[PDB]
Amino acid sequence: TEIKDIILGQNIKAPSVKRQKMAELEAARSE
Amino acid sequence: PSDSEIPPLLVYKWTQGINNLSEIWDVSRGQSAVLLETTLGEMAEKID
Amino acid sequence: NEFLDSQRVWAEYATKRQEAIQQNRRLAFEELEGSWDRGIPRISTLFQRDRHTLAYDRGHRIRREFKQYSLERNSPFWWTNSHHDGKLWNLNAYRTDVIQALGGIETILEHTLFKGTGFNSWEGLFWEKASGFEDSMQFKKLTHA
Amino acid sequence: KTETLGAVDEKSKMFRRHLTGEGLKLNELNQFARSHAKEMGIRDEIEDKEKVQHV
Amino acid sequence: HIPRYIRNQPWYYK
Amino acid sequence: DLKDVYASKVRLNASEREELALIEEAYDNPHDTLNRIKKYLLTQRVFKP
Amino acid sequence: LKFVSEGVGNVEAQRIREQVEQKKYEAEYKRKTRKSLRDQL
Amino acid sequence: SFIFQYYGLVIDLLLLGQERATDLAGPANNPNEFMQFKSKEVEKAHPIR
Amino acid sequence: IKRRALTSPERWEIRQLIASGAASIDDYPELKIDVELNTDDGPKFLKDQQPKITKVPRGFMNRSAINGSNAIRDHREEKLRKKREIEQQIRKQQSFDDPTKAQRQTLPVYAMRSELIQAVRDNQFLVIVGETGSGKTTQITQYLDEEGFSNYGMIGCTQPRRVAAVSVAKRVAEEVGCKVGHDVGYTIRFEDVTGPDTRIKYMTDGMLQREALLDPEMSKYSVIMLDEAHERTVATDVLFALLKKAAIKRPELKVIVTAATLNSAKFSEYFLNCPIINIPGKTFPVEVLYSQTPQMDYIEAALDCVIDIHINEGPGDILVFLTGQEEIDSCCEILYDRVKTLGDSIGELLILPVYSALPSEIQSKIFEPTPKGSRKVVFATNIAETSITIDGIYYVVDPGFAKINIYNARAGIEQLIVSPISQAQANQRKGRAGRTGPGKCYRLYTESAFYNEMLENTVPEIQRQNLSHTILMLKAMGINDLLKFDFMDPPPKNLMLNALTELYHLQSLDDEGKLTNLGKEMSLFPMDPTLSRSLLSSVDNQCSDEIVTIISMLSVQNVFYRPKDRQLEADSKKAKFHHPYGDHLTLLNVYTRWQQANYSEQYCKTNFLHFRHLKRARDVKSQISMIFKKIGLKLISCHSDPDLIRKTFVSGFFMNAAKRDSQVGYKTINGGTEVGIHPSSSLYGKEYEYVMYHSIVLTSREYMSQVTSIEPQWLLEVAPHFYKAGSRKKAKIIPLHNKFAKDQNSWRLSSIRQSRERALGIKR
RNA sequence: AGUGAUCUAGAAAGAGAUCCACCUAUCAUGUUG
Ligand SMILES: [K+]
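Chains as they are written, first to last, in full-length UniProt numbering: chain A, 2077 to 2107; chain B, 1015 to 1062; chain C, 1449 to 1593; chain D, 274 to 328; chain E, 32 to 45; chain F, 918 to 966; chain G, 18 to 58; chain H, 1111 to 1159; chain I, 286 to 317, 359 to 376, 386 to 436, 478 to 1102, 1108 to 1145.
Hints were generated in silico from the structure; no laboratory data involved. The hints are all genuine.
Below, simulated DSSO-like cross-link-like pairs (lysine-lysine); rule was C-alpha separation at most 30 Å, straight line:
no. : chain 1 : residue 1 : chain 2 : residue 2
1   : F       : 920       : C       : 1577
2   : I       : 1120      : C       : 1535
3   : I       : 1123      : C       : 1535
4   : A       : 2094      : G       : 52
5   : I       : 417       : I       : 716
6   : I       : 317       : F       : 955
7   : I       : 1100      : I       : 896
8   : A       : 2089      : D       : 298
9   : A       : 2094      : G       : 41
10  : I       : 860       : I       : 387
11  : I       : 1035      : I       : 1111
12  : B       : 1027      : C       : 1515
With the sequences and hints as input, model every part of the structure.
Right, here's the structure in full:
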């Protein structure tokens, strides 16, 4: 995701990065 | 000035100090009290 | 009233100090609650964060008064040092009572453009007191005009 | 807002547009690459140089 | 957060 | 006490920056500062205007 | 709180479980401590 | 400020004199706090109270 | 006694009080060298030379051990809250200042007698294993005496505990039919009853170690049995290597070592591959049960397991092993809550502590029989694995943890660390359910954790304890090279080079690492080299009576008893002993006053002292005085000059000095580790600039134990080879805490520059 | 036993260089006695 954010130029400060991190760490809890 | 008190407390202490002098207010025998206040003019500039 | 109350709280503190050593205790921070904001100096100065260094600060009143001869801009509070005296006044109640005197938040806001903002509640009325265009501009190369 | 265009998340109160047409294809291709990362073993915790090849 | 001088309530209310 | 003057002025000129840099240097190098102070007390007898 | 009598359960299956638990915990500790892009910036 | 107060002490000693200055300050071993005296007889011993 | 100069926080408080006018300069009668380590290099033998507590270092049980228990912390955060709210109510109640206010042949071991003798004849070493209740400990020595091994020297037997050595010697004498002394005897620290005619001698391992310091061939003995040698004490390991060398010297020396099952091969491979023989014992079968899953919170699993037993299991008392005093106290309280909450649905249950710091009178509550119609739960340390036997136990609950000591050699820190037990200790717990009858052991850890995360045998004391006394004794035996002495498990080099550094700076060793004459005289004393050094300097300084008294007090357990319900009397009576200069002179006060009172027990009960530990300090004082009479010395009194006393303790303890830094409290001079004064100290809140300490203990924090005031000039005079006057003073300073700022580096022109550059969008 | 006493108010064109009241920071150590 961080590499994707680099090519797309995603604002790292934006809340979407936080929510997406949780949207993947919940899977890191899943299995 | 002294580190022990702020100027208002200095004035208060001084006033209470005068009031606590023994027989300071008695005038039966014709006694009197004199409070002299003055400035040491040009004290700093006259230092050799 | 500050001096009379100071004589009182500091005599009470002196008595508690002697009992605290008789019991070989330490005085707790909240063993002196209620007196903290009282006395001249304030009782709270006994627990000033830098007291281990301030114990060496001597001639601090005359130093502060003599600042008038070496600095163009001086604090009008030349007569008191918060490190040594503590907070000698607290005006926080004035703001509360002035709001009441003006008729409350409702009456105050009736004088403002608040209703035209469509803002939900007066509670969210957080003025951004730390940013703005003029704050971005003050550092730039600018003429006097 | 319409149920046809999207739906509210409720957890964050945000409204999300549903994916339609090529949007689904991209979302599925996204899943494909993500699986390919786990498949090729590059994974995440491992500081592998080949990772850039699977984004 | 709301400042203390707003949160505090005059004695006559309570 | 020397730092106090600067505690809230956001706009500084070259002279103020020079003083504040010297103070910051004294905080970073207390031993060299003390050595210099004592050397000046012991030997400096001519001073700047 | 549940017990099994000694020898009744297979110990190497429980060791497999403990190995899974270990490597899960250790990988999760990288998940907790890898310096992210924001941290590196 | 230090120099000023020291030269002021000189002037204080000229105004008070050795004897009265000693009564006011008290013995070096046991100095009086401000405005106090070791005894009422010392307080009354001289016109400068 | 010179006044303690006030620290700056105290000067501040007095200044503010005087400023207020509530006190004056009439009321306060006060107000009227930097020591560096020496930068010479060390000696030739150190110039050329300068543990694994668990099977898995980050495995689940070690994480569980480090993480403690949430139940215990939630219980503290109830006790603290309750204590505070009670204090608040008391304070408001006070805030209104209202102005008017033939048996032998039944023991299992007799079935083996003929084997258990021919094996001792035909071999040199024999690694005997024997299950508890076999009779091996009392019978083997008698069987050897029956067989004429006694014809050519004593049959010595070592026990790891004094009370074992005595009770076994008396039992063996009651079976041989004679007194102690004559045919059977014992020899322990402070007591020798051995006679001219003694056949069998029971002693502690430490006594055979000190006899070997006199006679390293150990020629007085025909047969030496090391009993309970599976406990791997420092003395036992030194005896292992001594006895291998003496055995090579002596064909006629027989040796019998008591192994456990799990170190029997370790011991056989060490003692030249000698036979192992296994003796059966009087013990019943124990069903082990294991948790199906890891337990996150061993205290909470243990409390559940108790309640589950009490309800669903049949008659039998429950022994729960716990790591220390305050888990035990907390568990007694929590279980009493839980049982009271279950109420009428459950039968009667009674809850009891046992641990070593407990008074003897209170410990004796635990071996009273349970009332018929009630069940006993005992919450015990490892004290109940070995030292204390409770009769009637039928269930063991084993959470799998114990506190273990490790010496942090370079820092000088005794660390107590909760860590998993070994499989050997787990089996010692298992057996405790089996003494009364066919009991059960509930292990609060999985079977796989038993196999795959617990060490097979416990890490021996020799790899964990401070070795400087061991090194002094071995070098006094002339055992000059510590590797040619083949320890069964060699001590880490970490403990070697620090022990050698200590003995070097004490001047016990020369610059090539040979023992000096001073080290030779120090070896005569049964006490740590720093105490030995202090004592010899007290003979040079003619102050030995007071110093021997303090040394005795320093060698016993804490003499002050602080009952959980009396922490105000037990503090004001303790504070009556406090000497102004600190703990060493405080202990001299305690002892002297317990001597003016006629050594009486009541004096200890009334002043909250441990009479057990004081009469041990009296025994240590007597032993040291007997050694002085052996040399021909006398104990001179200095009439207590407390400078002469403190200088004489600096002579040993100079490496244990610490200085105040006003920012961070005490830092040791030798290594800079920050340390606190323990609240138990006389010097708590009496902060002196330089102190020395007996030791440092890491508990929740590093605390110095037994702190005493010293002058730094004495460091420079006593150890000019270890200290020097200060210097690398290129440290830093910080401004005062400007309360109103939200970034305390924002005053720097550097950070002002960065704020401006950022506000200009300048990237840098 | 409650009377009276009531400034103020905006337009044009120029000018203007900044700093200091201000949210209350003590023991919990395994065993060997
Ligand atoms: K103009």
